[PDB]
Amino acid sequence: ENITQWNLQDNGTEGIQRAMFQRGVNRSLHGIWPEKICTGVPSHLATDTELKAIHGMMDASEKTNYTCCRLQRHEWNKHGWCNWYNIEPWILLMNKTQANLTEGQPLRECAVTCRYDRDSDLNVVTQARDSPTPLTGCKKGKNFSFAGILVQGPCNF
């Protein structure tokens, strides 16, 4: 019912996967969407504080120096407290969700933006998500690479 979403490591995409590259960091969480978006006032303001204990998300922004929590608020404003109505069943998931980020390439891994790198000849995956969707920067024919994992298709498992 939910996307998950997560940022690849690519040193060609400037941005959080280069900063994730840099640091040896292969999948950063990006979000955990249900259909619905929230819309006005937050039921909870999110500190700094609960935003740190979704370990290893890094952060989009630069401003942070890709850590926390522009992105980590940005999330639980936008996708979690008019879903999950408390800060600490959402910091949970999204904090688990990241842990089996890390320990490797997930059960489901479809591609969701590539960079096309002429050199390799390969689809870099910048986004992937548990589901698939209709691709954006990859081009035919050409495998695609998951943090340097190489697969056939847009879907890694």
The other form holds:
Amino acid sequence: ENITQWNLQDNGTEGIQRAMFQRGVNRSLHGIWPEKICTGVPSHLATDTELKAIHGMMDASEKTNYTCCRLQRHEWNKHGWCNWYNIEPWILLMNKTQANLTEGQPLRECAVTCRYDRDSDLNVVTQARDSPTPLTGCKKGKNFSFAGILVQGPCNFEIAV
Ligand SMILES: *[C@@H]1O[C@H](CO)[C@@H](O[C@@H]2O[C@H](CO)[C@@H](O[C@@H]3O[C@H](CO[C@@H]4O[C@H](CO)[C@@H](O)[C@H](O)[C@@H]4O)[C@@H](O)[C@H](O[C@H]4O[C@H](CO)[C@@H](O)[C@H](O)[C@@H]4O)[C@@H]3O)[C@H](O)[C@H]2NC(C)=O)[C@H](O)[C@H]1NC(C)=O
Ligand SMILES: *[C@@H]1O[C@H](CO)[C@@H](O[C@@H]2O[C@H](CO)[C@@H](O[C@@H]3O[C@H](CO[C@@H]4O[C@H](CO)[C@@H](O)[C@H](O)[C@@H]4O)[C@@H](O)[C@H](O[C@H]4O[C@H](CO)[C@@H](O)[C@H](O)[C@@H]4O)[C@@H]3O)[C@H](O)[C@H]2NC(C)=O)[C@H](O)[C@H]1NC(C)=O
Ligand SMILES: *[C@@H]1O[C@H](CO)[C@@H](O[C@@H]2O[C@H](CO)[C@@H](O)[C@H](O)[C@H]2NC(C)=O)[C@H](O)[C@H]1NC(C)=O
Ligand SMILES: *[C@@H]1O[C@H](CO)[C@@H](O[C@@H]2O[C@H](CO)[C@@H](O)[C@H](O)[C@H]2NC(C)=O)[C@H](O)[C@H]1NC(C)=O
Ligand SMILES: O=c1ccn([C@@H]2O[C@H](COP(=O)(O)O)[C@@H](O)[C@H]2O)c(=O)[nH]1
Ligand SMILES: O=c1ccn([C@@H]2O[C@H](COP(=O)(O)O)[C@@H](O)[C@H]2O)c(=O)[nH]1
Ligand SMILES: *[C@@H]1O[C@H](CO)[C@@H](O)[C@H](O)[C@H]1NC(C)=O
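In place of the form solved without uridine-5'-monophosphate, output the structure of the form solved in complex with uridine-5'-monophosphate.
Below is the whole assembly, all chains and molecules, this chain first.
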């Protein structure tokens, strides 16, 4: 099964999370990851015109001012081509995932990486995914802030349940 992961806004974290805060973006798709990682010559080189059709996904690179298409192309190259075989169904899934993320807090949202904010005493979530996973930078016993939404645990749904 595919892991869907995304970035969340945080002015306290340099890079994409800061660029997101400035542009009023809450969630920005990082990738959709099957188990197979692509290696070798891609079956199609992704174009800027193709990658821009993933609406609302922000590049993690400062060089494009956090727009398009360094991260988008990296994702196609490392996780896309050998798994989707054709760019069209891949762009459509990526664009639809971002459209869903743009609507707000997803049904399943689990913290991946945090920046613990001493001032607010919160785990400000900087990256999240649709399934639970071991945490990075999340302070034990502290509540979680997912682009402004306060959650008591790492997920917004019970994982025992
Ligand atoms: C979003 O997040 C960013 C990053 O943390 C915040 O930006 C910081 O804001 C503070 C407060 O305005 C800045 O502090 C001031 O730094 C001055 C020196 O800055 C240097 O220059 C580079 C730019 O080339 C900075 O990026 C570096 O940080 C350098 O250190 C410093 O001179 C200044 O002091 C003066 O003001 C204070 C009061 O604010 C006085 O008490 C003091 O005596 C003196 O007069 C500040 O300390 C900080 O530099 C900014 N950081 C960055 C990386 O940009 C934003 O505030 C956050 N935005 C929101 C909306 O919350
Ligand atoms: C989770 O991630 C996996 C990838 O690991 C996704 O599965 C891929 O889904 C895409 C569709 O979104 C599939 O692409 C289509 O593949 C057709 C050929 O596939 C054959 O069948 C098996 C799978 O049962 C493959 O493994 C073989 O290699 C076979 O070749 C292909 O013909 C088709 O292209 C046609 O349509 C497109 C437009 O839709 C045209 O552009 C094109 O010219 C052509 O007419 C698609 O490329 C892909 O096969 C799937 N890969 C695997 C390994 O299963 C899941 O969908 C993801 N699921 C979720 C929920 O995220
Ligand atoms: C975007 O969100 C919609 C709505 O939650 C998802 O659509 C659901 O898909 C499942 C099957 O995967 C259906 O059983 C539901 O009926 C659908 N709901 C609606 C309201 O259409 C969709 O899968 C999401 N897309 C992606 C790519 O994440
Ligand atoms: C980004 O997320 C924040 C936090 O959930 C959203 O802000 C909420 O917006 C509603 C309606 O505007 C207010 O009633 C709430 O008080 C807000 N919550 C907080 C904590 O500020 C914001 O709307 C989202 N932005 C986008 C573009 O979807
Ligand atoms: O979508 C992204 C890509 C990168 N990073 C951050 O930027 C760091 C390094 O930049 P790079 O190795 O991707 O070039 C990553 O380890 C992570 O801390 C993100 O938060 N989101
Ligand atoms: O299945 C995956 C793929 C990637 N990552 C993490 O996401 C970041 C970038 O993945 P990538 O999209 O560049 O491959 C890396 O820190 C990597 O550890 C995962 O946790 N699981
Ligand atoms: C991409 O998603 C947007 C919503 O963010 C939607 O308006 C558009 O139709 C989608 N593009 C497609 C389906 O090619």
